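**Student:** For reference, the chains in residue letters:
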Amino acid sequence: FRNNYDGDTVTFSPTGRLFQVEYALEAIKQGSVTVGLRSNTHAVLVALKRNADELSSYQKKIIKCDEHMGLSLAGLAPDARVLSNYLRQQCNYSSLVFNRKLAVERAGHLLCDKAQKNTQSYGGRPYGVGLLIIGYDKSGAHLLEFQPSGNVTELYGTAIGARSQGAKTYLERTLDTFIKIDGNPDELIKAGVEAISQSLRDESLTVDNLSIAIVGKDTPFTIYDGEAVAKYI
Amino acid sequence: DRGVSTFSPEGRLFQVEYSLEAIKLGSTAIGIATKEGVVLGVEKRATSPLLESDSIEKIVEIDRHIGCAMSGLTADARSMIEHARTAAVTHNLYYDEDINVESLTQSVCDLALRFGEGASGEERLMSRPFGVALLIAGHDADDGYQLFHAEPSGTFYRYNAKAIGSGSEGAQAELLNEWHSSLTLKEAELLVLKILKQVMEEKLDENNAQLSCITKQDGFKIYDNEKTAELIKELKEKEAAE
Amino acid sequence: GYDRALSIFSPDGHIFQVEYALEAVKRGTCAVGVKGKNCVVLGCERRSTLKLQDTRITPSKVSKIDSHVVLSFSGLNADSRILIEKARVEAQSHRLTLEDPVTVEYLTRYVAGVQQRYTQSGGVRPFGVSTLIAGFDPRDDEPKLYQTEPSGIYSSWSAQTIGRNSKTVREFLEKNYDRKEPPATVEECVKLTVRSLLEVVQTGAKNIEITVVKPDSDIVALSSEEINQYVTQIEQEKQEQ
Amino acid sequence: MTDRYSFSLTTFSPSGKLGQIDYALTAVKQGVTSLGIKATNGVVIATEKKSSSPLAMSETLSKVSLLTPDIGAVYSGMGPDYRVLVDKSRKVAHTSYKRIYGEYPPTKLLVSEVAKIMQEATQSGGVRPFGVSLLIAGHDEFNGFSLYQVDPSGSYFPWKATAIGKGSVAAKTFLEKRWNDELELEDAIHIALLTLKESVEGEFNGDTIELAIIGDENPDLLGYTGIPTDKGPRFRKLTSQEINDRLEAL
Amino acid sequence: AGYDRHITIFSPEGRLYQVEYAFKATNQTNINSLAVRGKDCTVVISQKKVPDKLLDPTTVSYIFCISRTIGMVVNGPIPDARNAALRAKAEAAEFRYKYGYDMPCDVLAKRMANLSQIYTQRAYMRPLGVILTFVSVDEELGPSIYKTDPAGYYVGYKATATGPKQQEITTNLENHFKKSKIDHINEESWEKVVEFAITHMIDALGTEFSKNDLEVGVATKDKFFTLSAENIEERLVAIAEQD
Amino acid sequence: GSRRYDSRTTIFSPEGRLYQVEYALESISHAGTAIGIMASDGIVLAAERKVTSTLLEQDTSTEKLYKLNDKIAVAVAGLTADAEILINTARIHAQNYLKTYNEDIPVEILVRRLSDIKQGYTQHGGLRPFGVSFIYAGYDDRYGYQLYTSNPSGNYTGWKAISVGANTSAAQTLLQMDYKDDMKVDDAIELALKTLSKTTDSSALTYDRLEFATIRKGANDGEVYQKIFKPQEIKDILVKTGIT
Amino acid sequence: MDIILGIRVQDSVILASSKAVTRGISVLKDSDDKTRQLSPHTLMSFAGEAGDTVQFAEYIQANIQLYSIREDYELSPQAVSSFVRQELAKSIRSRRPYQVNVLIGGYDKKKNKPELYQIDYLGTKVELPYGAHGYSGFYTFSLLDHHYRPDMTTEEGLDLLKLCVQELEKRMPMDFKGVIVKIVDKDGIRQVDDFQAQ
Amino acid sequence: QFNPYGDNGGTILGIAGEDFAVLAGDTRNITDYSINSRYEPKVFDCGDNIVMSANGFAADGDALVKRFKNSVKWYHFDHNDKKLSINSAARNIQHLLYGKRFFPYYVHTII
Amino acid sequence: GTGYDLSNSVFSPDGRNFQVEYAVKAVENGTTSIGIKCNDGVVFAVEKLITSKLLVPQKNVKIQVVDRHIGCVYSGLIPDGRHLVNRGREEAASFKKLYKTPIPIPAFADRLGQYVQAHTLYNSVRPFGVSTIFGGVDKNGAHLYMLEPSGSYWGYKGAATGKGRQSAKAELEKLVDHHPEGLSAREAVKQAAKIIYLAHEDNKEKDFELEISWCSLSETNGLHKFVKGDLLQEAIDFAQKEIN
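Protein chains in written order, with the UniProt record's numbering: chain U, 2 to 234; chain A, 9 to 250; chain S, 3 to 243; chain H, 1 to 250; chain B, 10 to 252; chain D, 2 to 245; chain E, 1 to 198; chain R, 20 to 130; chain L, 5 to 248.
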């Protein structure tokens with residue numbers, strides 16, 4: 002068991018499991034925590050960036066995909082780059098060909114299908130990264146959770162990475178409050194920072210440690226780093 | 009056996025982790041970033057006295073504004089440098105400007121993932137990851153003097169100072185104490201020499217170690233053996249002082 | 003096609019197929035190169051397991067890449083031909099596009115690049131060959147000697163040896179080669195090359211071949227008798243002590 | 001999808017053996033006996049039709065096949081492998097010879113093409129060797145009559161007479177007793193039936209035995225008249241009745 | 010001592026185990042079929058078993074109309090059966106297009122047997138776990154039964170049977186053709202040939218059949234067709250008024 | 002997937018040897034011995050057919066000595082089917098050369114080409130090597146009479162006299178003993194037969210178990226002639242040398 | 001077009017090739033050397049389409065030099081000419097043919113005989129005592145039919161080329177700006193540096 | 020025969036001041052002797068303070084503008100939101116045009 | 005010996021394909037889904053396990069449409085289901101492009117069948133980790149199908165798969181007995197809601213969301229449509245009243 006059935010993604014275990022996919026899932030858990038949440042007017046990403054040394058920079062975890070869509074990552078950053086690039090192209094294709102901003106729901110379906118092809122063919126490997134996609138389209142604010150198994154889920158709020166369960170239980174309690182935060186971006190970010198801090202343990206949220214992103218009704222997807230997020234610590 | 013792009017139970021790719029071990033066996037390379045420029049130094053480590061040491065080329069130019077130092081399987085670095093040079097020159101052709109150091113680094117790191125045996129998504133014809141780490145140093149108008157550490161994992165961290173190769177763990181701890189934001193270029197040069205001398209098996213002279221830097225004014229230069237010899241002499245005199 | 007990753011990393015960080023290619027080189031017949039002030043001399047040994055060969059037609063261990071550059075090797079003979087052919091093609095290609103023959107460093111860099119590629123391409127094994135490449139750049143009298151190995155690493159040497167018992171002859175050259183004053187003549191440069199092989203060869207004028215390369219495409223191979231004079235004159239100096 | 005088996009399935013073992021070729025030869029050994037005998041004015045090839053059921057119609061399965069008008073083949077081993085070798089052998093006689101030279105290939109060269117096909121299934125990626133030994137009998141103008149054996153390795157040898165399969169060791173020994181360089185075709189048919197009778201357990205008649213000859217031209221089998229140079233095929237399969245005639249005076 | 014049983018390469022004894030295990034798969038459905046030739050028709054009988062009450066019985070079939078003239082019954086799992094069916098149909102249509110006449114039963118059988126032989130020699134293709142019995146009234150050869158298996162073997166039959174209890178059907182039919190001395194069922198109408206087939210399946214298997222326990226395919230001059238439950242019931246009434 | 006069933010025919014052992022080349026060489030050491038001997042005025046090719054029968058048609062058979070060219074021939078040791086593949090490509094190469102330069106191909110150029118094909122199956126492709134060793138006998142106007150050998154590694158070498166197949170160690174000692182540089186073809190014919198006669202695994206050395214060829218200047222012409230000996234001619238030369 | 005003349009005498013082949021390079025209304029160069037040494041004893045001259053002419057000659061040169069290194073041996077003039085003919089014959093049925101005509105003058109060291117080969121752009125090879133390409137033949141062939149002898153010395157050959165060049169300078173409409181003359185014999189290839197006023 | 024080009028007329032005008040620049044163009048769009056629209060803008064704000072017009076065959080003009088606008092978008096994605104300087108835009112547009120050297124965009128472009 | 009369950013295309017000694025059987029375990033592990041054939045259409049329903057309050061209700065849709073007249077639902081690895089439906093949609097478009105008519109459900113069923121079967125033929129792919137229930141209305145009536153990982157599929161009166169398949173099948177069998185003359189679309193929708201609720205006792209530990217779709221000649225014009233609003237609540241109320 003396990004030993005014999007985890008050599009490649011093309012092999013089912015005797016209980017119907019896909020261990021290579023499950024090992025890829027484990028790369029996300031080792032990844033640094035990031036939180037997503039939304040109301041009816043805005044959607045917010047908050048991420049805890051990780052460094053190597055005190056001499057090193059903090060690995061950026063948020064990537065803009067279009068003016069109305071973007072995502073945060075936990076796991077293999079190179080794989081997030083590939084998937085975010087694909088999403089950038091799909092968003093771009095929709096605009097050029099149909100003059101239409103891509104629905105966040107359709108973006109989720111496209112990621113699912115792209116991840117799935119890597120879980121059924123020989124020689125490849127699953128993607129070793131998880132993604133939280135936020136956006137504002139023709140049906141309002143949206144937040145998605147992408148796992149490299151191919152499973153994509155629309156949520157009000159969630160978290161991924163190490164110790165992400167803390168932030169997730171907080172949001173699960175705070176649900177009725179933060180969903181009502183309409184027409185107030187600062188207050189949604191506060192609720193996102195209070196959630197991300199639930200997953201802390203090692204350190205405190207410093208100025209070059211924290212990264213935040215916001216998208217909404219009259220707000221293009223925009224990333225905040227450094228002194229721009231000093232007012233939230 | 010087992011696929012080259014297989015994940016371990018812990019969530020790491022076996023081939024990337026194993027390549028990181030090959031880099032630990034490599035010669036020490038050190039980078040120091042300052043507001044007057046970035047310094048890149050390396051240990052030559054000739055395997056015999058009959059080896060003509062100036063033929064050892066572990067510091068290379070990518071463009072006038074970008075330089076490179078390597079550690080590990082140095083033969084693996086050639087295609088990465090060839091790619092880097094072509095990227096920087098190509099960017100200049102398309103845009104009539106210098107490529108940003110970060111974008112150049114990203115382009116090099118895009119190569120690192122492309123290994124396997126016919127994986128899905130695209131055609132990546134490379135049997136294994138690179139067995140070499142790069143220290144990419146340079147300058148651009150937007151983010152000034154920069155030092156990056158490109159790994160075969162495809163990640164690249166920016167560093168104020170960084171050591172890679174055999175003496176890296178000891179050298180990094182030494183850089184942890186000695187670096188500060190207002191270092192001069194001169195201080196950095198001596199600081200590279202000091203730490204190379206500490207971790208090197210052989211006694212540091214102008215033949216078994218090499219220095220280089222990049223400045224906004226003069227671009228990337230490799231220091232000739234005469235210039236470095238004076239800096240070794242100067243370093244020796246300061247250490248003896250106290 | 004066939005694209006199996008044959009050259010891969012092991013847990014300790016080694017690529018066993020490259021390192022096993024080196025073991026093929028170790029088994030190969032010894033080869034040595036030493037630079038003079040005005041020449042480079044390439045010495046190789048010949049086996050004596052089987053004797054009854056036609057030396058007129060049997061391929062020699064020293065091959066011309068161009069009129070001014072030569073390449074010897076240690077390891078798999080069949081593998082060496084592929085490198086030599088590719089080197090020669092690239093030499094003519096260079097003359098065609100640049101309108102100048104290759105530098106010795108460039109020719110070496112090319113061969114080393116080929117070898118490196120065979121360490122991270124699917125479906126192929128590394129070359130079981132290390133080469134010594136020697137000659138003079140166009141319009142230049144500064145002698146050049148380079149060495150490549152299966153990994154794709156290359157570098158220049160004042161003198162170097164490869165193949166079986168190369169540890170011994172390298173030890174000889176490390177003590178007997180002076181850098182401040184290298185062999186000033188073609189004669190005494192050859193003598194040192196023969197002296198170094200005599201540590202390993204054990205009796206044989208037919209077991210040693212030597213090529214002398216000088217500036218401006220002046221390359222020649224020595225005959226049995228010419229070499230035999232060096233062997234005889236060296237042995238007489240030992241006895242007078 | 002994609003034949004990702006681009007590597008050999010036949011490789012050398014430490015002793016030098018090519019395992020799959022040996023194992024293919026072992027498959028041939030279990031196969032029903034077939035033989036060939038070369039006379040001065042013809043060649044005969046014969047084998048037992050071992051039916052897999054009495055409900056089967058053994059007329060619908062021919063173990064003896066025409067390749068060209070002057071060339072015939074029989075085998076021992078796996079039948080399905082033989083069938084596709086015949087298809088390929090017939091075709092290659094056209095594409096690689098008749099469409100170029102406007103005449104059918106001589107026996108040795110058609111044998112050579114079949115042998116090449118079999119050699120390739122011993123070295124190419126992702127295949128096993130053919131589990132059959134063929135006996136090919138034929139005639140051509142400049143070489144006269146000839147008989148060849150072809151093995152799973154792709155090796156082939158010319159024979160005066162031989163047998164392959166189940167009882168080939170005994171059969172060869174019996175042929176060495178009876179063969180000479182002055183046999184007429186009818187004498188060879190007789191030697192062939194005697195030899196084959198030692199191999200068959202059950203019924204031995206024109207319905208259980210299959211037998212063909214390469215001999216004289218059969219203008220009655222050509223299908224047309226008018227061209228003097230076209231005199232008809234030299235290959236002829238004997239009928240059930242024609243075999244029984246020679247068994248009554250056996 | 011292991012991987013020679015996983016792909017189609019020779020074992021030390023010259024055997025192909027994956028071919029032998031594919032034969033095993035043919036019996037997985039626990040269904041018996043048989044085929045007999047008439048004077049100018051060919052009939053195939055196959056047991057129909059519908060265990061689940063939630064199934065639509067009209068979709069549970071192992072008989073296929075390959076062409077206007079050819080019919081095929083499969084012994085083996087349905088996915089492989091339909092794979093073989095779809096291919097045979099495509100092959101049948103291509104033959105008619107390229108060569109200008111309907112593909113004969115025996116030629117289709119040879120073709121499908123050649124394809125099967127390929128899976129037996131190439132590593133990346135598995136054998137199909139099926140035995141295909143083709144039937145027609147060939148315009149040259151008359152009533153025809155040709156059967157192919159996972160070894161790539163094929164031959165024509167006077168009559169044949171396939172399945173777990175193949176041997177009981179076979180010996181029953183053998184004994185009939187020894188008594189009657191001929192190689193077909195001497196009967197002018199196909200309806201009586203269907204009755205013969207069903208009658209001999211009942212005797213051999215020692216089991217009675219309702220209208221829903223059987224599938225029947227009939228080939229005549231220029232058409233192959235399958236019987237409805239009511240067509241079969243008419244047939245089962247005929248045998249009862251005589252037994 | 003497929004990876005599981007791949008023998009990996011082109012890898013090094015820890016000792017730096019190619020497994021499949023070594024195992025192919027082992028295969029060839031069981032093959033019938035073939036000998037080549039070069040004289041001043043020609044070359045001799047002699048080969049032993051291992052495993053024969055009374056019914057094997059020798060007149061038609063040709064399993065060891067093959068013609069590549071009017072001026073070049075080879076003796077085979079190993080898998081015959083493998084050899085014929087290589088023979089045929091060598092024949093095409095010689096004709097391409099002739100078509101290109103309007104000159105017959107020099108012997109070494111043909112040998113190098115064929116040996117490079119072998120080397121390929123050794124370094125890439127994942128296929129088994131050809132289980133063959135060739136002795137090449139030929140003549141051109143640059144080097145005159147030449148003898149070469151190639152084995153499955155793709156390495157080739159030049160010889161005055163050489164053996165391939167079984168008992169090469171014994172055969173090469175015997176040749177090294179009785180060979181001299183100023184020999185004549187007729188003396189070489191004797192040497193080759195004597196040497197086979199001593200190394201044979203059979204009882205005696207009869208005509209029906211041999212193939213024999215000479216590449217001579219033709220005695221009376223001025224150009225080269227390739228003689229492949231017929232069974233009766235081998236039976237005659239076997240009596241002359243004193244082995245009836 | 002450009003002037004390309006060849007003449008095989010007793011012990012050498014002499015090639016004469018015009019020096020002009022003209023594009024439209026302007027003579028761009030008057031010292032052009034329309035020749036490449038393919039090996040120490042084989043020389044090829046060329047004329048035809050602007051770019052194709054040098055590209056082809058250099059490509060041939062590269063190939064013969066490659067052969068020389070590989071084999072450590074110089075190919076015969078006959079072998080080199082056959083190789084050249086085959087390359088031209090390939091290109092004539094290709095997408096964009098080489099429009100180049102050549103003469104190949106060589107000294108066969110094995111035969112100790114000079115040899116001259118005329119090959120046109122179609123791959124039409126022929127071995128001649130004297131040869132020309134383009135319109136120049138229309139004047140020179142008849143001139144040489146009269147005055148040529150097979151036993152002529154190299155010096156008598158040069159006098160005979162002078163007669164050809166004078167006739168072309170008299171009757172040809174183009175100013176081809178004189179010729180560069182080269183001799184191919186057992187000692188290799190040398191240029192007659194003083195033909196302008198010989 | 021199908022003619023892949025047309026002529027949509029109109030005219031454009033670019034003048035550069037000391038600390039400003041203007042790019043102007045009429046809004047008429049025509050085919051032969053007919054008006055297609057009296058108001059069809061052909062001068063566009065492409066981001067990064069760059070204005071652009073590609074006048075002549077409008078379908079090629081729109082395609083070029085569209086591609087250049089997309090080029091600006093990706094320049095931000097690939098170079099950390101760096102501003103595309105006017106000289107850099109100009110060189111970029113050269114390659115967009117020369118890419119179709121053997122099937123040209125039938126326009127006169129001004130930025 | 006052993007090891008027969010490591011590669012996809014490999015037959016075990018008893019004629020089985022263990023990798024397909026292991027794929028079934030992935031399906032058995034999944035959510036319960038059903039199909040109900042009524043007298044002029046088909047109804048589909050599925051259980052959606054609510055992991056947390058954070059899942060947006062009524063979003064995360066699981067039932068998928070193919071062309072305009074076919075509904076598909078599946079249990080097991082959801083991505084594999086989507087992959088299958090994407091293929092189905094490509095396949096239905098192709099059929100319509102060539103033949104003009106919308107693809108008949110039997111024709112469509114075989115298209116999925118042949119594709120799923122193809123993924124049991126080679127070791128370079130793994131089988132589908134879903135059983136798919138699907139169908140709709142065509143020229144001659146309604147059709148319901150279930151397709152397993154082996155590629156096996158049949159027509160059904162009612163179908164169930166996933167964790168609670170035994171409960172569902174038991175309820176489905178009661179409806180077939182007690183409504184022999186035929187059920188209506190209105191009834192089948194309510195009856196499907198009941199069965200999903202009764203089947204949810206197997207996953208009773210966590211909360212769930214109901215999803216229903218239907219394709220009926222009289223109720224939807226033969227087009228696939230989702231059940232929303234007042235009709236969905238009516239079905240939920242019916243199931244809650246029946247559970248007590």
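Quick caveat, the hints were computed from the structure, so don't treat them as lab data. One or more of the hints may lead you astray.
To be verified - Covered stretches of chain S (chain D as the covering partner; in silico rule of three or more C-beta atoms under 8 Å from a C-beta of chain D): (1) 18 to 24; (2) 27 to 39; (3) 118 to 127; (4) 141 to 148; (5) 228 to 235.
Positions of the beta carbon are idealized from the N, C-alpha and C atoms, including for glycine.
**Student:** Now tell me if each hint is right for this structure.
**Tutor:** Status of each hint after checking the structure:
Coverage of the region 18 to 24 of chain S by chain D holds [criterion: at least 3 residues with CB-CB distance below 8 Å; count 5]. Three residues within the 8 Å Cβ limit are the bar, and the region 27 to 39 of chain S against chain D gives 3, so the coverage statement holds. Counting residues of the region 118 to 127 of chain S whose beta carbon lies closer than 8 Å to any beta carbon of chain D gives 4, which reaches the threshold of three, so the coverage claim holds. Only residues whose C-beta sits within less than 8 Å of a C-beta in chain D count toward coverage, and the region 141 to 148 of chain S has 0 of them, not enough to reach three; the restraint is violated.
Taking a C-beta to C-beta cut-off of 8 Å, the region 228 to 235 of chain S contributes 0 residues in contact with chain D, too few for the three needed, and the coverage statement is violated.
Violation of the numbered hints given earlier is confined to hints 4 and 5; the remaining hints are satisfied by the structure.
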